[PDB]
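Read off the chains here:
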Amino acid sequence: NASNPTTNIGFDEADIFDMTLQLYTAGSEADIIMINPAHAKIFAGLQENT
Amino acid sequence: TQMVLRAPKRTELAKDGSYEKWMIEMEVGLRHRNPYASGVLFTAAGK
Amino acid sequence: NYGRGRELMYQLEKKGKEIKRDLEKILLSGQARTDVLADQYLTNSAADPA
Amino acid sequence: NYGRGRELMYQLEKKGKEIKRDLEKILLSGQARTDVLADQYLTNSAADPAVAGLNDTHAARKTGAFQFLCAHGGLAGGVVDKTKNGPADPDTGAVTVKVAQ
Amino acid sequence: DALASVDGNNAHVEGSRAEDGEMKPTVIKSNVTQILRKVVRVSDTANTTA
Amino acid sequence: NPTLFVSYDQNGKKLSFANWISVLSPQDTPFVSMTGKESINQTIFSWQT
Amino acid sequence: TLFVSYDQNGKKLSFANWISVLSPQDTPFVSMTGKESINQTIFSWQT
Numbered sequence: 203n204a205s206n207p208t209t210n211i212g213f214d215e216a217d218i219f220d221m222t223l224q225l226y227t228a229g230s231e232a233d234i235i236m237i238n239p240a241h242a243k244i245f246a247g248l249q250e251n252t
Numbered sequence: 303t304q305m306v307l308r309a310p311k312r313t314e315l316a317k318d319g320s321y322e323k324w325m326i327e328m329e330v331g332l333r334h335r336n337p338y339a340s341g342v343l344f345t346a347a348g349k
Numbered sequence: 102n103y104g105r106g107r108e109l110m111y112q113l114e115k116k117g118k119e120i121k122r123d124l125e126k127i128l129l130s131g132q133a134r135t136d137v138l139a140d141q142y143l144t145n146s147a148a149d150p151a
Numbered sequence: 102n103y104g105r106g107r108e109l110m111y112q113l114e115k116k117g118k119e120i121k122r123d124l125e126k127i128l129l130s131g132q133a134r135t136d137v138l139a140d141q142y143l144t145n146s147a148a149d150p151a152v153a154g155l156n157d158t159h160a161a162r163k164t165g166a167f168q169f170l171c172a173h174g175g176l177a178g179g180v181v182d183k184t185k186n187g188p189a190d191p192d193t194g195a196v197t198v199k200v201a202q
Numbered sequence: 052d053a054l055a056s057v058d059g060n061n062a063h064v065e066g067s068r069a070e071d072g073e074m075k076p077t078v079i080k081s082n083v084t085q086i087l088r089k090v091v092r093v094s095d096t097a098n099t100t101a
Numbered sequence: 003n004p005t006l007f008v009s010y011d012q013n014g015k016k017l018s019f020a021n022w023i024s025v026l027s028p029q030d031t032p033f034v035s036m037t038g039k040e041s042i043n044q045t046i047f048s049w050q051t
Numbered sequence: 005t006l007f008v009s010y011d012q013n014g015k016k017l018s019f020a021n022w023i024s025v026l027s028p029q030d031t032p033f034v035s036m037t038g039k040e041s042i043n044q045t046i047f048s049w050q051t
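Protein chains in written order, with the entry's author numbering: chain A, 203 to 252; chain B, 303 to 349; chain C, 102 to 151; chain D, 102 to 202; chain E, 52 to 101; chain F, 3 to 51; chain G, 5 to 51.
Hint data in this document are derived by calculation from the structure and do not stem from the laboratory. Be a bit skeptical, because a hint or two may be false.
[Claimed, not checked] From the structure, some residues in chain G lie toward chain A, with a derived Cβ separation under 10 Å:
{"id": "1", "residue": "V25"}
{"id": "2", "residue": "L26"}
{"id": "3", "residue": "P28"}
{"id": "4", "residue": "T51"}
[Claimed, not checked] Examples of chain F residues lying across from chain D (beta carbon under 8 Å, computed):
{"id": "5", "residue": "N3"}
{"id": "6", "residue": "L6"}
{"id": "7", "residue": "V8"}
{"id": "8", "residue": "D11"}
{"id": "9", "residue": "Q12"}
{"id": "10", "residue": "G14"}
{"id": "11", "residue": "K15"}
{"id": "12", "residue": "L17"}
{"id": "13", "residue": "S24"}
{"id": "14", "residue": "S27"}
{"id": "15", "residue": "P28"}
{"id": "16", "residue": "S41"}
{"id": "17", "residue": "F47"}
Ideal Cβ placement from N, Cα and C applies to all residues, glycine included.
This is chain A alone, in the form it adopts within the complex:
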């Protein structure tokens, strides 16, 4: 969360993809995610804000 507004406590630009890549690098084979409602706006805006 370096460049993004350093006042909020949550995700930043789509590092979920980096996490999924790190998982695939170890045959994780995961197909479920948790939203943590306080951070649901991030998943909601994933399709916008660009």
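On the provided structure of chain A, position chains B, C, D, E, F and G as indicated by the hints.
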């Protein structure tokens, strides 16, 4: 996966001078498979 | 457990056998009596002194 | 090889008899349980972390003998003592290891 | 347990019979068997009232 | 470590106990076996020698 | 004297061995290429 040992169950204890006790005392536990299989991503405001 | 059934019936059996053993030992020993009641009101006066 | 016939087969039979005799002797000898494990005998989880890493620190496995498993009362260097009676059995006064008089 | 760490360059010669070896111990980590606790001590007058 | 074929480095071994507990101890009670039963009520009586 | 053999667990059975490894070995290129059998140590071709 869960590893409930005995069961989730209720039980009564000795009563008293117009008292009445009840307990549950469930014994459980979790178990992961190959720690390098689940991903976690903490959220930090900055460094 | 690994060699027994449970830590309750095993202990109960051990304790009962130990009770019988201690009973035999006490019967065949010098366990004199040590009481406070110097009962002398017997012979058809069955009472407990003051 | 008039009587011995096949030299290697005869020597192998001899070694078989020898190992059988050595077993019959050791099982009644005064060997002492000796292994790299002292208190981590089972330790399946950790499996004695202080063994692996060298792969050549393996000692000489020595099994416990009859004189050792029969309620010994010491160790005369490397063998069970033949000059001191064993301890008393906590159940009842019993000394299953006695030096004759 | 794991499979390996790195393989990279494995090209060798037809006479590379000098020395080799491996070792990997057990990887049992732990298990806790957590317990819970909940109690209630209602009286009889309350259980009888409405 | 597959370096050598040994047992000290084996992962996840089996404890391999024996399913029995031979903790025998003496229990005869010959006196208590050759006495009988004379159940009573109180504990202050006698036998009038 | 409370003979239960319920807290001893003298069975000491072996593990179940459901271990799991997560080292991928898909090999799609090797699965799609094919295989041929050469005799000499060097192989050449003309184009």
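Here's how the hints hold up against the structure:
1. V25: Given a least distance of 8 Å, the restraint on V25 of chain G holds.
2. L26: Result: holds, 4 Å to nearest chain A Cβ.
3. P28: For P28 of chain G, the interface hint holds, since the closest Cβ of chain A sits about 5 Å away, which is under 10 Å.
4. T51: Violated. Min distance 38 Å.
5. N3: At 5 Å from the nearest chain D Cβ, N3 of chain F passes the 8 Å test, so the hint holds.
6. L6: With Cβ-Cβ at 5 Å, under 8 Å, it holds.
7. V8: OK, holds: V8 of chain F within 8 Å of chain D, min 6 Å.
8. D11: With Cβ-Cβ at 5 Å, under 8 Å, it holds.
9. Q12: Cβ of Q12 of chain F sits 7 Å from chain D, so the hint holds.
10. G14: Given a least distance of 6 Å, the restraint on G14 of chain F holds.
11. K15: This interface hint holds because 5 Å falls under the 8 Å limit.
12. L17: holds (5 Å)
13. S24: violated (13 Å)
14. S27: holds (5 Å)
15. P28: Holds - the Cβ of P28 of chain F comes within 8 Å of chain D, reaching about 7 Å at its closest.
16. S41: Violated: closest Cβ of chain D sits about 32 Å from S41 of chain F, beyond 8 Å.
17. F47: violated (36 Å)
Violated hints, in rising order: 4, 13, 16 and 17; the structure is consistent with all others.
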